[PDB]
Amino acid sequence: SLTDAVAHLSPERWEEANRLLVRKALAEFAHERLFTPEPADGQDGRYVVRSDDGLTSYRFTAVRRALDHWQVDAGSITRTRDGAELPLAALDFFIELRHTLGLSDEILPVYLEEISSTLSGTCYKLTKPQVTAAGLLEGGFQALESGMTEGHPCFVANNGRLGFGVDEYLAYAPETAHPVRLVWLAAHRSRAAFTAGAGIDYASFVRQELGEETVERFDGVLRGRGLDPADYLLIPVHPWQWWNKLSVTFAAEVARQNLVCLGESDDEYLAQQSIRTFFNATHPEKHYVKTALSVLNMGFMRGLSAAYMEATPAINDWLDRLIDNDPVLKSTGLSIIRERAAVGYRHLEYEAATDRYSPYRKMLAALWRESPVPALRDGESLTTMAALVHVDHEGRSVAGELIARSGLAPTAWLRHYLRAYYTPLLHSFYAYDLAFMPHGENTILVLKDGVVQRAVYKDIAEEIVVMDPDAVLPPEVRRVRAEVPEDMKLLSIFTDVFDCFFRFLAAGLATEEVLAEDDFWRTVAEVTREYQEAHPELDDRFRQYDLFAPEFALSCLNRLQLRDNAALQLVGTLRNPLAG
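May I have the structure of the chain above on its own, in the form deposited without ligand ATP?
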């Protein structure tokens, strides 16, 4: 068990994880123009990137694809210096390119720690049983969720689990798919508040989610300690949060019975890609639970804002009603899974000692989100949209397998997906000034017979932006308006959809010899023209925000992460694949 825990850390797996990461650093740091890979007169596509001092040479072959994409080949990479080849080590790579990459003295050590954790997790993932794209689909919703291996396709340091010890990682990382029980707390009402959504009320919500039997048992616990149950609320907490933060950092709250530990949940939960959010494995119909988890990101503590909980359910109600009343959206089948209830806790002493940004204000909250399962009709299947870019050990993406099992010509397949996922983004932008953060982890696709029926969006309250400062919204919702410069409004599509998802989906489907790049992008223009066709009432906005402009700005995600703490790092422009 001492050794069992650390068994995934082996030389052979470490070496593979390091090669795979250096492959992604080369491919992604190039795209963001941190370094410009020189050609070498060898093949028509052999390149070299050198270290700060010029002595170490990383040599690789790469296929250059649309949107400045670099399909670097992992087996080709070589680290050479003074004539002799060296081991490919992600840690040495970032050191030797310390200055080239903009890694400052202050941040490089913590960045190497996030890098080591990401490599650890690849190593764990490399010990799981090998499963094919077909295999993941036969497994189902959570097979896909916990079978994702890449993570966010832009960030090189993307799957850190810093703050988990090795035993805590094995117990809580989504890639391990271990069941987890939440810890239930009673929070005293002088410091905790419960906000309900449309048609939710606390009394019955808690009954339908815990069981009359458990609520009684909990209410009994409180009476045993001389506390009136009517003075408290239930908060679910992540066990790591309880044992490591709440019981120590919030001991003043425990000791004064502002917080009372009621015990574990009887249901078993499974961590999603988000880490902090749990799917109810025992009863998939029940709500997801999003918890507060103070793990580390670049040495800064994460968490869940309690101040934001008061307005999350209302914002969701607003977006849900918005979607139900718009026929362009209803026709696409678009749905959100709403945050239906939330509860936030104010540690008043920490509050007086901090500003509205402290992670101490973010250490205890929770919200519940509708499960997507009960909507499913006969023969319909769920998948994280992230799977479309997931690749087999055999080289087959789940997108590729889906296209295959569907029997459709790839273009017809792509067009159903674009119509369910990409059309609503267009309509949100032009008709409501609405924008999202719609990447693979925030989107779920409903599947029938291998073809994408419709899309579900999750976690909208946190990310949603109405780009109209004067917009006329209900009161609890006006906090989502923002003043976005004109030349930047359209990067919600250009950056978040095209440059951060499609660029990989298109590049992966071409190297898979399934769909050529030019067809993919031609489909994306066709769907765009299909939408704008239908709405000449917006032709002025279609011109004012030209989805067919020849260039747009290059927005570099890894550069955002290396600067640390609209602050975007734009560096020149990209040739728009949609230009004709």
Contents of the next structure:
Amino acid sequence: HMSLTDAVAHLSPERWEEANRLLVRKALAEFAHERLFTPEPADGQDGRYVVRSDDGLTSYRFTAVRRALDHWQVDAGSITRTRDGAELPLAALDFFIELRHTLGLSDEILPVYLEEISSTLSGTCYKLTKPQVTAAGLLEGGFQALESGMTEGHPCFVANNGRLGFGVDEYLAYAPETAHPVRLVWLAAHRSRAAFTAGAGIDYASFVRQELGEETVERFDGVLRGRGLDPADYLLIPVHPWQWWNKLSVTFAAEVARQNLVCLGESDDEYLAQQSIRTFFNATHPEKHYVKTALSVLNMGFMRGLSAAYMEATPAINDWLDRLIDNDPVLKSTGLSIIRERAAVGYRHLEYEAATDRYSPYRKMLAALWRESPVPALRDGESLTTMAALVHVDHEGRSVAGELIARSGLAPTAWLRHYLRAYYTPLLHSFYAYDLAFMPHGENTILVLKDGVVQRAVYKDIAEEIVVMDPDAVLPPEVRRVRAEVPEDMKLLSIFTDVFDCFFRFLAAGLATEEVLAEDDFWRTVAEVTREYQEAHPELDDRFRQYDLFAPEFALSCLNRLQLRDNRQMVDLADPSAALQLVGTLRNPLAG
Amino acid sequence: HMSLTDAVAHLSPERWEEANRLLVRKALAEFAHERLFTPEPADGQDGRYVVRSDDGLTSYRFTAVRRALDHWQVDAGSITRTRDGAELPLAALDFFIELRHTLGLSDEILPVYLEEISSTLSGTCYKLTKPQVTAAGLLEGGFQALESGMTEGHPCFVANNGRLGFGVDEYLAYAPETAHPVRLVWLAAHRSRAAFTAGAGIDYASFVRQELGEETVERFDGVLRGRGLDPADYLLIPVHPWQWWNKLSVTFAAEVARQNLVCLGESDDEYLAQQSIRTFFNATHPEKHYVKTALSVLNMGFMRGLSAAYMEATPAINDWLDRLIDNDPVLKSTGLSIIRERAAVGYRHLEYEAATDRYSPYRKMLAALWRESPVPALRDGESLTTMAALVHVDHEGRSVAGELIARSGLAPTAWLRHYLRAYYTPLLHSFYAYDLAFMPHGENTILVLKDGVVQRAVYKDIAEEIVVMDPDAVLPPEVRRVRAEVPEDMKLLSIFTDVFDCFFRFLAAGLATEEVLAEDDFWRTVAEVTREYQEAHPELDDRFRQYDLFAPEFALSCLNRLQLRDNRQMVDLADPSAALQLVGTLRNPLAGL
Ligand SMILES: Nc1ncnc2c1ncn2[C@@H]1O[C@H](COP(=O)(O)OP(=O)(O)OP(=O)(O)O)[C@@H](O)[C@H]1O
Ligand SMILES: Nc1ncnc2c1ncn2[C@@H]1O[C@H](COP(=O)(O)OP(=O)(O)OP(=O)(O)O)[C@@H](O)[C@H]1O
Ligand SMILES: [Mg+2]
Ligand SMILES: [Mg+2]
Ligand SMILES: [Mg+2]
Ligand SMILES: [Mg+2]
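Structure of the form deposited with ligand ATP bound, given the form deposited without ligand ATP:
Then the entire complex follows, led off by the chain already shown.
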């Protein structure tokens, strides 16, 4: 009963009530932003709104402050729910069922979507169990206290933390917000099925020696020899323990039995799950590589396995981009860097390949890559934070961005100006000069701080995410795969959607509500940095006109709509712009 | 490394080779029986045949003895696989991929089906790790040594032991063939959502006191009071641990958090999973009830959850059948009994009900029932065995049926006659006198043995399985749902398929290959017992002519074809006859005899 009751102790009536209030608040706000419903001003009161269930008989009433880019800052405490003239408790599950038709939830998707909602609420309950920490307290804790202290997740997606596949015990062991140390499972994979791809400067033997140590390498060698096997025929693959215990040991039982796969045991180092869940920071040795693992759990619109076939191209692309950054003085002056995916390993399951198509999750169950740590490059007085921290608000209403602005002693617009030159200017130059787009959200960006000021930004998650939006661009063989055909009037969405509407809308609204920086000042600083860039590069004036960042309007691209339409595979990934749902337009805050 | 490497130690190259040979043997045999392919005689040798892949380029060659009911006794040692003029190793996964179109495996189902094959093979490797035990050794061990010592599973279905949802550690903890003790998880379920239904003579308070004991009852009471709750508002529901840790604490987290469900902790008694996986025998107190739990894993064509809505009528239906058995002298003279489903509890998840349709697995995640133990009724010198043991063959080639025949000192036909009067005669009478059909396979039947002789049969798995094949039958209200509309020329399949073609085919073939009893003698004995029943009841002659058990032929109803067509829900269950795949006819072994 003790471990049994402890595992569910975070699930209490009061925490569940709070979690539901918060999640329904987010659902009202973001589903309004995407025009799934239009909140109508309420019968008495001004600034109070009502949204009704599908059949009209249930009313959700609330107050909200409206801000730029159609942002609805819904007040959590103001939300009421009424049916038949009686107040009802707030329950996100009932919410989605009552609105199943308005929100476009098919009968096939709704039950699974409700599981993701339930897990997101359970995660909020666990996070409410943790010690309260201020923004300053997080900064004092450091890089991983910030990483595991984030509570919101992706700011747009309501059903963003499902992690479907975790039992509650596995949730407690593996969720990044629990910050429990994890030991990776190491497998020996026969070279008839497994391939190791080394980035520029990497050598397999020395790479493995540096990552594991001579003693552990010798122990693994001895396991293989104890089985009568030649270690030279095998490669090392680290795996998430969930994947081993629940998928590889069962789904790949034939590979284990025939000794195509050999379980070597656990790593000596202790690892911490990052916000992506499936990527691990090495806590014992922060200078060692991240390990990104295949995890066949559902989270935020995709199964989180990792494609064995694509590992073959991954290090080279990083090398290519790394050279591009290094040879461009505009990018060099911004201090931009990437933490490269340096090495990758993939296992090709021949029978499942014969049994499936190219995009199956069965081809994504066993692969791993290693990513450079950002810690070694730190200079004196510098510290690291995930960019998501900028829009994390603590129990007192203080955000990390606000705490940093205060601690720095600079004017808010000046602090913002440094942040924008580190993070946003490189995106402008990549787009205009190279047709290059990232996916630069809060989880894919790390900020280097000194004296409370953003010194420079580090990008990650590269080979899977970058796009060169020119099908006929001249590119080296191993990089030519990132080219894509994106319609002309959608290319600048890489800035409009991914930067403005999916991150800056939240940061500007937060800093305004926090009474640190007014909306007009935020967006004026953004416009100033944009023109500061463009006026410095008249050789691109034509492209500046072709892709006008100062147009009066741009398309509203809805993110939740993607997940509500297809829970398991939000976008094709072979044609990712085909699933986008642009619903009208937003007024560009840069129009002035 | 220690627990990691131990958990997969049963997965070795030699055990995997043996498992793949055995499973491909079964696939050739049963897919031939169901006419998915027709083995072509290989020129030159009398009993050698060849089966080819979809593209014709891979050949599986084997010897087989052909037996009644189109039974193919494929010899495991003879199987070879050749492609492009080269011999290849035997691999069940490759077999199904090579034959995906011949077998009707869609692109959606094939990968999941391969997972079921892989887990079946892994279970065989584990079973190969266990101490070798003879048929006599199993009989010496007793009821649960036999229950967990069964190795085949269902004799028709090739992908019969998937248990999809178990990780390898959960396999080791929960699979019936590992026989590791299990402690059930007890939940308190609020009476606004959970309902307890008792059979006649059952009382909730005394029922729980007898099953748990006053100490545990009060401990659970104190858990509820410690949270400020009134125990009178709650009911107890036992749950499979896998179900709690993987489904109820996550999928029903809203119910746990709001205290509609309260985790009370583990039971004191230790339980053993039975062949059905989700039903548990109480090892600490064998006289106490079985607990059948909801288990949302896929096995042999169905998710194994338990419907909350059906619980309310389950005890009453059992009571009804019990009285029927009790008032009929023909059934009484056979010694037939059922172990009743005596109590049941169901949890109605209102949000998931609103979000799904009546067939959803989401409505089958939280329910339980309690089934009488057969141990108390045992008399002096009597022992118990699953009927599945009769077709279990040990490492020396002796079946448990052969061991019992030898130990009894009876001639094989005389032994068989006692077994048939206990097991088969009640099925004849249920059909002809009541339009009643069971699902009487090896796992749903327990045999009572004395002096190596079958004294009587115990039927289980009742309310969800019985069918009254008469839509206008006069029945008490709470029982009327067991009525069904079955096409006329399919009603007698309840004997032809479920008894003859799905169990006696294997028993007869096995006792013949074992050189205990010739096929003709087996089937002649079955014919004799059939006439022994029918001649004793001339008032039913019309029905005997209407449903002729001596007809020259009857339909071949294919079992694997169902699972190959629909991995997750082999049959509708609102209309179970519509999914059946009849492919030609079989020669009735009783036609001559
Ligand atoms: N604030 C955040 N913004 C964006 N994604 C987030 C955030 N917090 C958590 N995530 C998680 O990160 C994942 C999506 O990000 P993405 O595809 O970029 O990561 P990945 O490829 O899985 O991992 P990595 O970034 O280590 O390569 C989802 O699992 C999502 O829920
Ligand atoms: N020899 C066997 N014959 C039939 N089924 C078997 C056998 N061995 C194991 N089984 C398993 O029993 C299960 C299906 O049987 P059925 O639906 O009759 O039982 P249940 O309702 O799950 O459990 P219970 O019999 O306890 O009520 C499957 O999981 C099947 O694979
Ligand atoms: Mg990422
Ligand atoms: Mg990614
Ligand atoms: Mg059964
Ligand atoms: Mg059943």
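Each form is matched to the other, and the largest set of C-alpha atoms that superpose within 1.5 Å is called the rigid core. Positions refer to the first chain, counted from 1. Only residues modelled in both forms are compared.
Among the candidates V166, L408, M301, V180, the CA atom that moves 2 angstroms or more between these two forms after core superposition belongs to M301 alone.
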